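Participant: The lines below spell out each chain.
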Amino acid sequence: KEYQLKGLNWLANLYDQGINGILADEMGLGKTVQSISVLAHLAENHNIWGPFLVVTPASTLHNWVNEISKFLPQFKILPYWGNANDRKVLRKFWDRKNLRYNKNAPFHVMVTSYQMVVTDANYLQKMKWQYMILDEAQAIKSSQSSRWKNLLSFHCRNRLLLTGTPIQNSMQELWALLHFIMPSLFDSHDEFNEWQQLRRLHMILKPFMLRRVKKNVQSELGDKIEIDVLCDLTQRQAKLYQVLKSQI
Amino acid sequence: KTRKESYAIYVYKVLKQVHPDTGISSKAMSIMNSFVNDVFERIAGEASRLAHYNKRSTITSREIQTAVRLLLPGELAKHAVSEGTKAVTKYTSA
Amino acid sequence: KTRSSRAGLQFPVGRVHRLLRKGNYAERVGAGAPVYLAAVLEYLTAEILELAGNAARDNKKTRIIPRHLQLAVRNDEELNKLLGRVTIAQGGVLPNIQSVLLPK
Amino acid sequence: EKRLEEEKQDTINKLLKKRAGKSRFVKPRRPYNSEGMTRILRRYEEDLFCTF
DNA sequence: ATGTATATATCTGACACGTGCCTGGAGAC
DNA sequence: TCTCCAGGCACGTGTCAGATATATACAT
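Residue numbers (the UniProt record's numbering), protein chains in the order written: chain P, 707 to 901, 919 to 971; chain S, 32 to 125; chain Y, 16 to 119; chain U, 254 to 277, 293 to 320.
Since the hints were made in silico from the structure, they are not lab data. Not one of these hints is a red herring.
Not the full set, but computed from the structure, chain Y residues with beta-carbon under 10 Å of chain S:
| hint | residue |
| --- | --- |
| 1 | 25 |
| 2 | 27 |
| 3 | 43 |
| 4 | 68 |
| 5 | 80 |
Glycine is no exception: its CB is placed at the ideal position from the N, C-alpha and C atoms.
Start from the sequences, fold in the hints, and give me the full structure.
Facilitator: Structure, rendered in structure tokens:
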């Protein structure tokens, strides 16, 4: 019930254009309810209740489950956490063998973590997905990660990403996310590095990201001020520096 | 369920009594379970035949004493008859 | 009040007495014979548990694999004669290479 | 009828496991202790001296 | 340019303890 | 052979070992 409905309409427009998008906005405006509104809008558009994967850290896994429970309880929610007995029980629970769209299905909402994706590389290589949403994407900043290679090997071709700040390291991570958006276009980092520096960098990523700042609504959130307190060391904390520098 | 008979806990905590900081696996429990009923039927048979050779109709400490003095090659019998006699004297003491 | 505690022994004495009654060995069984059975059984497993323990700290492992009891049972001639004819599942071969078979 | 009952029991157990895996003051005073100990009470209207 | 060193931080993963129970070992004749 | 009760068997929950990851300055 905000501007983010029109933002997800723009997301549906770029979904119609066929290019996966990156949301580079800071957390605090409720991207989870907008993501499930995207889910409900696509289910109203092309009638899909089936494969929907949510990649989410273990701190926010139950938060995502609670949000999708209280906000949109129409779908069926299935979690993925626990022991090996629960692992094979849930492996029985999503046996499927029926692609495209199903209505009376138990895999409507599927939430999982990065470590349980990573430890099931031989298991998750099957059951090719139609939609993955990855939340808190600061852990895939490097292309040397095994989780990054495991998420590269999937057979879904849909890479919508949720993060708070994707600008952690603007040397390799931008090429990595552009490669995850379209693996066909970007495969070599040398052509990205070789192809005035500050002005020309903004126009590269212009049509993908959206431009939203936190200071556009009624600022009743608190207007968080920063107070830095600077103190002096104690004599117990003084000679320990010379102790640690003595042996060097 | 079924009431399975096994002396795995007995061997487990004599292991714990003599080696307080040593672990063990379930295949080991099965493997010396096979050991102890192997020797249990072997020496239960031995004494049986022997006593029947002696034409005695029972099994007291005497038949099994000569059976364990006769059967195994050495050393373990030399400690075994002494510790078994000490065991039956603490029984008759009690 | 248990008879094993009265005998001062740890291996059970009522269990072996039960197995001796219906084990069809003798029609009459004395009182001291199951105690003697439990005593020699406790001595045998005490001896090879010492052997498995020193094999375990020789290989520096907290868990006694059956291979530990293979090189514990092949390091003494008394159990090399008592358990020489036996066949052990997952036992391997002890290290033994002839001097003539070695080159040079 | 046995297969349908087994399937229903397995479905109920799986649903219970999924539900369990998805959705599932004032400090006490010091113990006052006094045995074999003479007692003096002091109230608004009377006093007591319980001796031994 | 790259290994690395040594502590994180998550985060599973295999293993030992606290309640029921029933039945067979012990006391007595 | 009559009696009877607790010893051992069965089934749960916490608690220390491996595995990926950050990370940045120093040395080769």
